[PDB]
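Okay, handing you the structure first.
Heads up, one of the protein chains got dropped from this complex, but the rest are sitting where they should.
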Amino acid sequence: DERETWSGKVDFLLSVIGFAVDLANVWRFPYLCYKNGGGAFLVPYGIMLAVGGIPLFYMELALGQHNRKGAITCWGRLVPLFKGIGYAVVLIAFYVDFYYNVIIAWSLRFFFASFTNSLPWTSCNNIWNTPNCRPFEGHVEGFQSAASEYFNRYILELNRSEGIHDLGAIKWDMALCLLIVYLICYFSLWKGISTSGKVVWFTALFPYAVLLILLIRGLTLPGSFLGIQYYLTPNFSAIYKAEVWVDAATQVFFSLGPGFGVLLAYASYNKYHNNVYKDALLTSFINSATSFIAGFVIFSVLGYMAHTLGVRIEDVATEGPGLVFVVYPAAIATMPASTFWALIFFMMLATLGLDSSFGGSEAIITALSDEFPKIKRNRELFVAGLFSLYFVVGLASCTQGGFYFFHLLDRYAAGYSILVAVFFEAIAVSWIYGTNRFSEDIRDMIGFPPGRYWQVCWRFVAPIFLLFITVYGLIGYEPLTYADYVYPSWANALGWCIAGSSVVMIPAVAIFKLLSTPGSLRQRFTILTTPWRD
Amino acid sequence: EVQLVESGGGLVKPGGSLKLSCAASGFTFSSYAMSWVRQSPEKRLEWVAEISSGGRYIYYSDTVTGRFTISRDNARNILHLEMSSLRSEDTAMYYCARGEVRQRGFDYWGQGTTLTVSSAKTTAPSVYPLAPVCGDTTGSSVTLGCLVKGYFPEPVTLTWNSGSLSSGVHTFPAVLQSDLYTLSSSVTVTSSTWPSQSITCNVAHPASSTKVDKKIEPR
Partner (left out) sequence: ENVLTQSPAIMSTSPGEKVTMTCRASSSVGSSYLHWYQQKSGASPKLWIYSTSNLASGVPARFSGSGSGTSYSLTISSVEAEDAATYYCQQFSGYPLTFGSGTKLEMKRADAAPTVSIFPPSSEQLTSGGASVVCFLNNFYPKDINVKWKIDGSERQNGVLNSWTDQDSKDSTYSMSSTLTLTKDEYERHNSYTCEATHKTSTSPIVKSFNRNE
């Protein structure tokens, strides 16, 4: 019957904005624009966002609020045959929390390393340096910048590792930072959305404060317009390319994050008659708007480097951790009052991750709380166990070969693996459960049914624009490599298991509960195609 | 275009049961939520029940709840309201009203069907001609009348010369007095028209199987 709701409505929005807005809104989207032709990239981006991303973002939020249950229980009550999806979805979210939280730890490490008069990554004369160290980014892989060597040879001590087979010693400064991360995550998700929804007031909003400050500091610097030019310049030649629409898609999907069961879990605490259609639209926009804004934040500073610091643009324009932990701090160090810009930046990165991590965790806790009554009342004790598992196993990310472990999970934990989950999320709703039955559900809530636009998107466009991008990513697949290091053939297979162990739950739990229920022939499917009420 | 036709309805003993149907046409019926709105003889609009597009969401006013059952046939495009243990306060005109969107209200209404719940027995009307008084001294125009008295239940169809002359005709609504309705209708015509031409009062009361034409003479 009655489950707790959001202490306030803003708590929900900030939770969803917070979860959606993450480090990829910073270190991925702006890179994609620069790579894919600038404001021209917004067209496949916008399209994929409009037809693929927002409808599935909207779909998840609607489902959560309507069925009032976590990821697992929701799909059990929706399409009992496909209940495996809820397992896949949660288990995916389980894998990402292993992987994602260490990024926050890096941010906190850089933060704790930012209390000083002179930032350690400015020069090449430190002990961790190599004779090949140059002041800023370059071309030849053999010669790293000062920030690259600080990150790799000091913070990570990745130089001390020969691959994922050798993790080496554990960094106890990093293990400390990772612990601090899981401490913050615990006491946010401790008592549930009572505290959680209040905590995201900081973690979701704070980056916008820092973004603005860096936006102004960024645009107030020489050569800032040049960076914006590299960022937004409309080369439409990339639209014709296949992998650009693939990039525009996977980003849109990963940025909004349906299929992690986060939107499901977060919405399950909404009041039934709340208008979730305006929430999904409001959140979709703000998330993408933040990516657009951060684009200026990154590239205004990226342009400043190609002007005053005498570096080539393709070297400093980077995705992933490389951008925020190496390239951007390298710039900060040069400009006046650097220590301030550093402290807020790394705190931004942490607060970009946390609320995103809150969601992933909540997706798991809520899903498990609704499934097993031995969870919900015990929640204080459960999240302790979960994060203890996260920490202990996560110590592998704090090793000297920690990045190699991170980078592996980065690719295989979620991935196109989330796309097949979301693809099965769309097919189950639109076809098995049905759109006419789903539109009717939303009508009862918000007062009006979704336009035919959303329905076609859920029924036709999104599955199509999912299926074919997840296929074109398999043909464009190549073995995992970081820098000069090539992961062994067995490391690839381990990642596939990680990517597989989730997705296989969809056919496995299907087959299992298909053999489990009494019946025969056709109508065995009726039992598993009839929803919770029917 | 969109047509909603309510059917059924009539006299029912109190405590009795009756089922109303609505024929929907000109739109996809399965795509819209339907509701029953009834209007009492006091012309007060009361929402009775709402059924969703798939029939999976049902709401009732606390008045009819548990007595009334609203159902839906999307195959044959028919909306139903099943009534039981009917009470005299359930007497009203029941409207078939479509709207899917709460924010758009009810965008289409039917002609409505009439439910009368009473213990009062069906009785045929006595139709009397109303002839003006003797030696009336006037004049330019003469007024004639038709008294339909002591009938139940409504309606009655009162026309003049099979509906040929609708002008100058006032047909007064019925008034219920001790389980009996009494209707009257006046028609004014020029004294050249009457009685040099036949003026007949056509009264139809289908409930009692009464079709009666009464011509008015100045006897």
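Order of writing sets the chain letters: A and B. Residues in each chain are counted from 1.
What we mean here is this: a residue touches a chain if its C-beta (ideal position, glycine included) is under 8 Å from a C-beta of that chain, and two chains touch if they have at least 3 such contacts.
K.L.:
Sort through B:13, B:76 or B:104 and give me the one touching the missing partner chain.
P.N.:
The missing chain is touched by B:104.
K.L.:
Which of B:76, B:121 or B:170 sits in contact with the chain that's absent?
P.N.:
B:170
K.L.:
Per the definition of touch given earlier, which of B:71, B:188 or B:191 contacts the omitted chain?
P.N.:
With B:71, B:188 or B:191 as choices, the missing chain is touched by B:188.
K.L.:
If the hidden chain were put back, which residues of subunit B would touch it?
P.N.:
Those residues of subunit B that touch the unshown chain are 35, 37, 43-47, 50, 59-62, 95, 97, 99, 102-112, 126, 128-135, 143, 145, 147, 149, 170-175, 177, 182-184, 186, 188, 219.
The working rule: only the chains that are shown with their structure count from here on.
K.L.:
Taking the mean of the C-alpha atoms as each chain's centre, how many Å separate subunit A from subunit B?
P.N.:
64
K.L.:
Please name which positions on subunit A make contact with subunit B in the complex.
P.N.:
It comes out as residues 436-437, 439-440, 443-444, 447-449, 533.
K.L.:
Of all residues in subunit B, which touch subunit A in the complex?
P.N.:
Contact set of subunit B toward subunit A: 30-31, 33, 52-54, 56-57, 100-104.
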